[PDB]
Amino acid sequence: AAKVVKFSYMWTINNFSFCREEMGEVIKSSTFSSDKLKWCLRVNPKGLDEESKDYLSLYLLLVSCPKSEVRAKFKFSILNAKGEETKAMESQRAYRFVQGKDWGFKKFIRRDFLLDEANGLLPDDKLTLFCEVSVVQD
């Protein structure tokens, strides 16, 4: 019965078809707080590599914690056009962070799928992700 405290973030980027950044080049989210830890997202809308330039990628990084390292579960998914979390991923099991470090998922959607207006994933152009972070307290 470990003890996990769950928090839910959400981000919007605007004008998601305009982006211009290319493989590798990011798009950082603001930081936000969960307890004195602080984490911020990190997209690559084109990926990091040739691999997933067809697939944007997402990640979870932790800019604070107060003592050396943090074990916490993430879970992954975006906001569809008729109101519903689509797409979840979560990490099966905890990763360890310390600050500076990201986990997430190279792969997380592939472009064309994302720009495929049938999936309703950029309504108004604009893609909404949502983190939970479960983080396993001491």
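Just so we're on the same page, rigid core means the largest C-alpha set that superposes within 1.5 Å between forms. Positions refer to the first chain, counted from 1. First, how it differs from the form deposited in another entry.
Remark: with the core as the superposition reference, the CA shift of residue 129 between these two forms stays below 2 Å. In a rigid-core overlay of the protein, residue 116 has its C-alpha displaced by under 2 Å between these two forms. When the rigid core is held fixed, the Cα atom of residue 13 travels less than 2 angstroms between these two forms.
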The other form holds:
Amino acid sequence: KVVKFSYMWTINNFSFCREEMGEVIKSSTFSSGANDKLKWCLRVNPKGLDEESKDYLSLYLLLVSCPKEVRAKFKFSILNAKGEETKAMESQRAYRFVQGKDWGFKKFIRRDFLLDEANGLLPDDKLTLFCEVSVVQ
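What's the form deposited in another entry like, now that we've got the form deposited in one PDB entry?
Coming up is the bare chain, nothing alongside it.
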């Protein structure tokens, strides 16, 4: 049966400079509970890692631990300055995860949408991402 859980990731000192931020950044690990040993993390490319996504921030869900079979649906959103879910993007189906496999969206959010202060998505250079994971595995 599906087990649904979530993780809120606050990235501090956010910068679009690859030489300061890194090409890839990763969150701490999370799971559905203290008893759940399957560990996940989020991975962000502050600038998309291919030509197609270069004007985007790319966001992925990564299975970190070695599962004892695993499939999961996922939904990513950005939390605004008021704390609300904005710019949600979700998988249409569950995908197969093995240790080290990621799934996500290379064009999750346009960089210039984040740099537009009216949207309130980078207050104090903190980017707050929220992931909801549905593991049917």
